[PDB]
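Student: This is what each chain is made of:
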Amino acid sequence: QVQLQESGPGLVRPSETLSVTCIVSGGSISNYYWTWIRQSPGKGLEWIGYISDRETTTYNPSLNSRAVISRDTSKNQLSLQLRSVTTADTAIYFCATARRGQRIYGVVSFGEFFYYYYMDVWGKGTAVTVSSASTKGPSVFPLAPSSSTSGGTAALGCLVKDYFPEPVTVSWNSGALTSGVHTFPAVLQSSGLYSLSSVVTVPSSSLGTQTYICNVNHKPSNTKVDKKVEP
Amino acid sequence: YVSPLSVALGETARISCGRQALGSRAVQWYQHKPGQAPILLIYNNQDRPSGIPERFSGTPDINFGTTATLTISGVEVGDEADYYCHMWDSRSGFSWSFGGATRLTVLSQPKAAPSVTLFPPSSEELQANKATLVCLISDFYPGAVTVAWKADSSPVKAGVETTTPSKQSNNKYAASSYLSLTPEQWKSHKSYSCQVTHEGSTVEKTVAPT
Amino acid sequence: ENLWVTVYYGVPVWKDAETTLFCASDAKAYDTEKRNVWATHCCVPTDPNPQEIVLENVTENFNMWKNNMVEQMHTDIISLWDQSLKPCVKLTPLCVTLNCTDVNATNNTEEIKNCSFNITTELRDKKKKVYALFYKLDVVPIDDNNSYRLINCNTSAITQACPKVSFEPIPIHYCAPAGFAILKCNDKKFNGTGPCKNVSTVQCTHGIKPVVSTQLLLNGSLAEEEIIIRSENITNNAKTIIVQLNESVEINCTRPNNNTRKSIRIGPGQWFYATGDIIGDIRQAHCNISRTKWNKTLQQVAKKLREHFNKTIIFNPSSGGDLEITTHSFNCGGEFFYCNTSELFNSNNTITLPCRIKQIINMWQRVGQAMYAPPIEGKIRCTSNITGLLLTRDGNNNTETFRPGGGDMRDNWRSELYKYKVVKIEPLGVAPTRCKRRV
Ligand SMILES: *[C@@H]1O[C@H](CO)[C@@H](O[C@@H]2O[C@H](CO)[C@@H](O[C@@H]3O[C@H](CO[C@H]4O[C@H](CO)[C@@H](O)[C@H](O[C@H]5O[C@H](CO)[C@@H](O)[C@H](O)[C@@H]5O)[C@@H]4O)[C@@H](O)[C@H](O[C@H]4O[C@H](CO)[C@@H](O)[C@H](O)[C@@H]4O)[C@@H]3O)[C@H](O)[C@H]2NC(C)=O)[C@H](O)[C@H]1NC(C)=O
Ligand SMILES: *[C@@H]1O[C@H](CO)[C@@H](O[C@@H]2O[C@H](CO)[C@@H](O[C@@H]3O[C@H](CO)[C@@H](O)[C@H](O[C@H]4O[C@H](CO)[C@@H](O)[C@H](O)[C@@H]4O)[C@@H]3O)[C@H](O)[C@H]2NC(C)=O)[C@H](O)[C@H]1NC(C)=O
Ligand SMILES: *[C@@H]1O[C@H](CO)[C@@H](O[C@@H]2O[C@H](CO)[C@@H](O)[C@H](O)[C@H]2NC(C)=O)[C@H](O)[C@H]1NC(C)=O
Ligand SMILES: *[C@@H]1O[C@H](CO)[C@@H](O)[C@H](O)[C@H]1NC(C)=O
Ligand SMILES: *[C@@H]1O[C@H](CO)[C@@H](O)[C@H](O)[C@H]1NC(C)=O
Ligand SMILES: *[C@@H]1O[C@H](CO)[C@@H](O)[C@H](O)[C@H]1NC(C)=O
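In order, the protein sequences belong to chains C, Z and U.
Quick note: the first sequence, position 212, residue 212 per the numbering used here, numbers continuous.
Quick note: the second sequence, position 47, residue 47 per the numbering used here, numbers continuous.
Quick note: the third sequence, position 181, residue 181 per the numbering used here, numbers continuous.
Quick caveat, the hints were computed from the structure, so don't treat them as lab data.
Hints may contain errors.
With a cut-off of at most 27 Å between alpha-carbon atoms, the simulated DSSO-like pairs for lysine-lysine come out as follows [said to hold, decoys possible]: (1) Z:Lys167 <-> C:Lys124; (2) C:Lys219 <-> Z:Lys205; (3) C:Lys75 <-> C:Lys228; (4) Z:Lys33 <-> C:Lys228; (5) U:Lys129 <-> U:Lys90; (6) Z:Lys33 <-> C:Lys43; (7) Z:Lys130 <-> C:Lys224; (8) Z:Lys187 <-> C:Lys43; (9) U:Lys15 <-> U:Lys90; (10) U:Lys66 <-> U:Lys262; (11) U:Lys34 <-> U:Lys126; (12) Z:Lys205 <-> C:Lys136; (13) Z:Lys187 <-> C:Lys124; (14) Z:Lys33 <-> C:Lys227; (15) Z:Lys130 <-> C:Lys227; (16) Z:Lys187 <-> C:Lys219; (17) C:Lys124 <-> Z:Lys33.
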C-alpha cells in the first residue's frame with residue numbers, strides 16, 4: 001500500500017551538498033522508519049543511515065561525518081543531504097521504509113534481546129553522478145527506415161548523440177506507441193559524453209505516414225526534444 | 001565484492017551466507033538486479049512478505065549451529081540477480097554492511113542468434129558535418145559478442161566505440177556499436193559493413209551511400 | 001528387714017556425653033563417575049534396615065545449639081574437603097599477569113572477560129601464550145584494564161578441584177559406637193530446645209544430605225504440620241534464626257551459557273582446565289521461584305514470627321558481610337552460583353533472581369587454600385526444593401526487620417541435627433533387695 005518516489009539533481013559538483021528527496025504516497029511518515037541505501041558502480045550496496053518515526057537519526061560510521069537525514073512532516077517526504085561529496089559518492093540512491101523487529105533469545109528483564117531493521121518497501125531509485133564537468137544537452141537526429149526485413153516488419157529509430165550525464169528517458173508518440181520499442185544502453189565516448197539509440201520495429205504497411213515522433217528528455221540539461229522520423 | 005554461483009535451469013539452488021553468526025540471529029535476504037530496485041525475499045529467517053513466491057526460503061535457527069542458506073527451487077531465467085545476506089546476531093554489534101553480493105547465473109539457457117541492424121548516418125547529422133554508423137545488436141544469448149567494422153574489405157579499427165552487452169526485459173542481451181567518421185570519409189568508400197561475431201557464428205550487415 | 005545391695009549389669013541408664021561418631025552411607029554403586037567427597041574412598045555401609053526403638057514413657061531434654069554432632073560434622077566436612085584437594089593440581093603458576101578484554105555482547109552492561117596470558121609449558125625453559133575466559137569475580141586489575149590477576153594470588157595459593165570428584169551431596173547417616181546411643185525427638189511441633197515427650201533411640205541418623213547453602217536452605221526435611229521457628233535465643237539479635245517450612249517452595253537455577261572446557265597443560269602431568277570461548281548467546285545465570293508460592297510462604301512465616309515478638313514485621317536484603325554471605329550461594333551441577341535475593345526480601349509471573357558465577361572460592365570462611373571450580377561443559381540446569389531459611393535481626397519492639405544471613409555454616413547441619421542427641425550408656429546399677437550371697 002506504500003509507494004516511494006526519489007527525486008534529485010542527477011549531477012552534483014565535487015565538494016558540495018548533494019541533496020535527494022523521497023516522496024511517500026501510501027501512509028504517514030511518522031508511523032514507519034525510513035532509510036537510505038546507495039549502489040555505487042563496481043561495488044556492493046551500502047546502508048548509509050536511517051531515520052525513526054520519532055525523528056531520531058543514526059548514521060553509518062564511515063559516512064556519519066558527512067551525512068544528515070531529515071523528515072518533512074507537512075509533505076510525506078524525507079531528504080538526504082551529503083556534504084563534501086567526491087567521485088566516490090556517485091551512486092544510485094534508493095530510499096526504503098524500514099521496520100524495527102526485536103529478536104529476543106532469553107529473558108527480557110536481563111537484556112538478552114537485540115533490535116534488527118529490514119527494508120520491506122523500496123523506491124525506484126535516483127541516479128546521481130558527481131563530476132566537475134558541465135551539463136550537456138543531447139542532440140537528437142532521426143534514423144530513417146531502410147525500407148529492413150521481409151514484410152511486414154521494418155525498423156526506424158532516434159539517435160541521441162553525446163550528452164552528460166546519465167540518464168536519458170526516451171518514449172514514442174508521448175508514450176502512445178509501446179509495441180516494438182527497444183532503447184539501447186548508452187556508450188561513454190572518449191569525449192566524456194554518453195550516446196544512446198532508441199528503435200521501433202513497425203510494419204512496412206504502417207509506413208506511411210503514421211508520423212512517428214520520439215520524445216527525448218534529459219533532466220540535468222532541462223531539454224525536452226521531440227523529433228519526427230521519415231524516409 | 002561479488003562471488004559467482006552457477007545453477008542449471010529448473011534445478012533447485014542453495015545460496016551460502018558469508019559471515020555466519022556467533023549467536024541467535026534474524027537474517028534478511030535481498031534480491032538485487034543491476035540498475036533496478038532491490039526486493040527483499042526473506043525478512044525473518046523463514047518469513048517472506050506477501051507476493052514473494054513459495055520457491056524462495058531461508059533456514060530457521062531452531063537449534064544453534066545451522067548455517068543461513070537461501071534455497072531457490074525451480075530456478076528460471078528471471079531469478080538471475082545479485083543476492084545479499086544481511087546478518088544480525090546477538091554477539092556482534094550493529095551490522096551496517098549487507099553481505100557480500102552473490103552473482104547467481106542460470107546455466108543451460110537457450111542460445112539466441114543476434115538480431116543486428118546497421119543504420120547509416122542520418123541526413124541531419126551529415127548536415128551538422130559529422131557521421132556515425134550505428135550497429136544495434138538485440139536478443140542474443142550468451143551476452144558475449146565481438147564487433148569488427150569493415151570499409152569494403154579493409155577493417156576500420158579507428159573511431160570505434162562499443163558498449164559491453166547488457167540484459168533487457170526479454171532476458172536476452174543487447175549491445176550497440178558506434179563508428180564515428182567524417183561525412184567525406186563516409187562518402188569516399190563504396191560500402192560499410194558491421195560484422196558481429198556471436199560464438200562461432202558471424203552476422204554481417206552492409207550499408208552504402210545512396 | 002535385712003536389705004543388701006545387688007549389682008545389676010545392663011540397666012537402661014544413660015548420661016549426656018560427646019564421643020567420636022563415624023560416617024555411614026547406603027551402598028550406592030557409582031560406576032562411570034565415582035568418589036564424591038562425602039562417600040570418599042571408603043565409608044561404612046548402613047544396616048539393610050536400621051531399627052528405631054520407641055522409648056516408652058521417656059521425656060528427655062534436648063539442645064540443638066549445644067549439640068556436639070554439629071561441631072563434629074562441621075570439622076568432618078572441612079577435613080574431607082582438604083583430603084580431596086590434596087592430590088589435585090595446584091595452580092600456583094597460573095598467577096602470571098593476565099591480558100584481559102571484555103567478551104562480545106550487546107552494549108548493555110560485562111562480567112565475563114577474555115584473558116590472554118603466558119603460562120609455563122611441560123618443558124621448564126619453554127613458555128606458551130594461551131587465552132582463557134574468567135568471570136569478573138575471579139579477577140582484579142593489577143594496574144589497568146589493558147592487562148589483571150586472579151583475586152586469590154595476593155591472599156593465598158590456589159588448587160584446582162579434580163574433575164572426577166563430584167560436589168553432589170548424598171545421604172550420610174551419622175552413627176554412634178557401641179556403648180553409646182542416639183536419641184531422636186519424635187515430637188511434631190518440636191522447638192529447638194527443651195523436653196521432648198515422644199522419644200526414640202537409634203544407632204544411626206536418617207540420610208542427611210550435606211547441602212552447602214546460604215540464606216535459604218535447599219533439599220532439607222520439612223517440618224510436619226505447622227512451620228517451626230528455631231533460635232538459640234529469640235531476644236538476642238546476634239544469634240541467627242532457623243526457619244523450617246512445611247510446604248516446599250521449588251527453585252529452578254540455570255546457567256544458559258554453553259561453556260567449553262580447554263585442557264591446557266601447565267606441566268609434567270599437570271592439566272589446568274580453562275574456560276574456552278562460549279558457544280551461542282551470552283545469557284547470565286538466574287533462578288526462578290513462584291511469586292504465588294513464595295508470597296504465601298513468606299506470609300505464613302510472618303504469622304509464626306508474631307508468636308514470639310508479636311507488631312510490624314519487615315523483610316530487607318543483606319547489608320553486611322562478603323559476597324558469599326550477602327547472596328544466596330550454593331552449588332549447581334559443579335558451578336558455584338551467587339544469587340541476588342533482594343527481590344525476595346522486600347516486603348505464573350515467577351520472580352527471577354540475578355545469579356553471578358565464581359570459579360575461585362574459599363568456603364567456610366577458609367583463609368589460605370582457595371579452590372578453582374573447573375568449568376562445566378554445556379548448559380547447566382538444576383531444580384531444588386527450598387525447605388528452610390536463615391534469618392537475622394538488625395537489633396525497639398516498635399518495628400522488627402528480618403534480613404537473611406549465613407554467618408555460620410554450622411546452621412545448615414543444625415537444621416537437620418536438631419532432632420538428634422548423643423548419650424553414653426551406664427549399664428551398672430546397684431539397688432537393695434532381700435538377697436545375700438553364700439557366707
Ligand atoms: C509407662 O508408664 C505407665 C504409667 O506409669 C505404666 O502403666 C502402668 O502399667 C502397670 C503395669 O506395669 C499397670 O499396673 C497394673 O495394672 C493392671 C491393669 O488392670 C487390668 O484389669 C482391668 C480389667 O477390668 C483393666 O483396668 C486393665 O486394662 C488395661 O490393661 C490391659 C492389659 O491387658 C491393656 O490392654 C489395656 O490398654 C488397659 O489399659 C487390665 O486388664 C493390673 O492387672 C496389674 O496387676 C497385676 O500385675 C501386678 C504386677 O505387675 C501384680 O502385683 C498384681 O497381683 C496383678 O497380677 C497392675 O496393677 C498400670 O495399670 C498402668 N497405668 C498406670 C499406673 O497409670 C507402664 O508400666 C509404662 N509402660 C511401659 C511400656 O513401660
Ligand atoms: C521453645 O520451646 C519451649 C516451649 O515451652 C521453651 O522451653 C522453656 O521455656 C521457658 C520460657 O522461655 C523457660 O522457663 C520459663 O521462664 C519464664 C521467664 O523467666 C518463667 O515465667 C517460667 O515459669 C513458669 O514455670 C514455673 C515452673 O515452676 C511455674 O511456676 C509456672 O508455670 C511459670 O509460668 C519458666 O521458668 C525455659 O528456660 C525454657 N527452656 C527449657 C529447656 O525448659 C523454650 O523457651 C522455647 N523457646 C526457645 C527460644 O527455645
Ligand atoms: C513417632 O511416632 C509415630 C506415630 O505415633 C510412629 O510412626 C510409625 O512407625 C512405624 C514403624 O515402627 C510404622 O509402621 C508406622 O506406619 C508409623 N506411623 C505412622 C502414622 O506413619 C513412630 O514410632 C515414630 N516416628 C518415626 C519417624 O519413627
Ligand atoms: C608473554 O611473553 C612474551 C615473551 O615470550 C612477551 O612478549 C609478552 O609480552 C607476554 N604476554 C603479555 C600479555 O604480556
Ligand atoms: C596485551 O597487552 C597490551 C598492553 O600492554 C595490549 O596493547 C595488547 O592489545 C594485549 N594483547 C592482546 C592480544 O590482548
Ligand atoms: C538471651 O538474650 C539476652 C540478650 O537479648 C541475654 O541477656 C541473655 O543472657 C540470653 N540468654 C541466653 C541463654 O542466651
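Student: Taking the hints in turn, state whether each one holds.
Tutor: Results of checking the hints against the structure:
1. Z:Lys167 <-> C:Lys124: 18 Å, holds
2. C:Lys219 <-> Z:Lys205: 35 Å, violated
3. C:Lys75 <-> C:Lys228: Violated, at about 40 Å.
4. Z:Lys33 <-> C:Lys228: 34 Å, violated
5. U:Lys129 <-> U:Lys90: Holds - the C-alpha atoms of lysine 90 (chain U) and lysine 129 (chain U) are around 19 Å apart, at most 27 Å.
6. Z:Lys33 <-> C:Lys43: Given that 27 Å is the threshold and the Cα spacing comes to 14 Å, the pair holds.
7. Z:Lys130 <-> C:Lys224: 23 Å, holds
8. Z:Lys187 <-> C:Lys43: It is violated: about 45 Å lies between the C-alpha atoms, which goes past 27 Å.
9. U:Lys15 <-> U:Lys90: 47 Å, violated
10. U:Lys66 <-> U:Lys262: This hinted pair is violated, its Cα atoms lying about 47 Å apart.
11. U:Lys34 <-> U:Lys126: Answer violated: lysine 34 (chain U) to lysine 126 (chain U) is near 36 Å, above 27 Å.
12. Z:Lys205 <-> C:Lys136: Since the Cα atoms of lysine 205 (chain Z) and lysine 136 (chain C) sit roughly 32 Å apart, the hinted pair is violated (cutoff 27 Å).
13. Z:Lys187 <-> C:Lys124: 46 Å, violated
14. Z:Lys33 <-> C:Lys227: Status violated; Cα separation ~32 Å.
15. Z:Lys130 <-> C:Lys227: 19 Å, holds
16. Z:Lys187 <-> C:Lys219: 36 Å, violated
17. C:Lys124 <-> Z:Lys33: Satisfied, since the Cα-Cα distance of roughly 12 Å is no more than 27 Å.
Hints 2, 3, 4, 8, 9, 10, 11, 12, 13, 14 and 16 from the list above are not met by this structure, while the remaining hints are.
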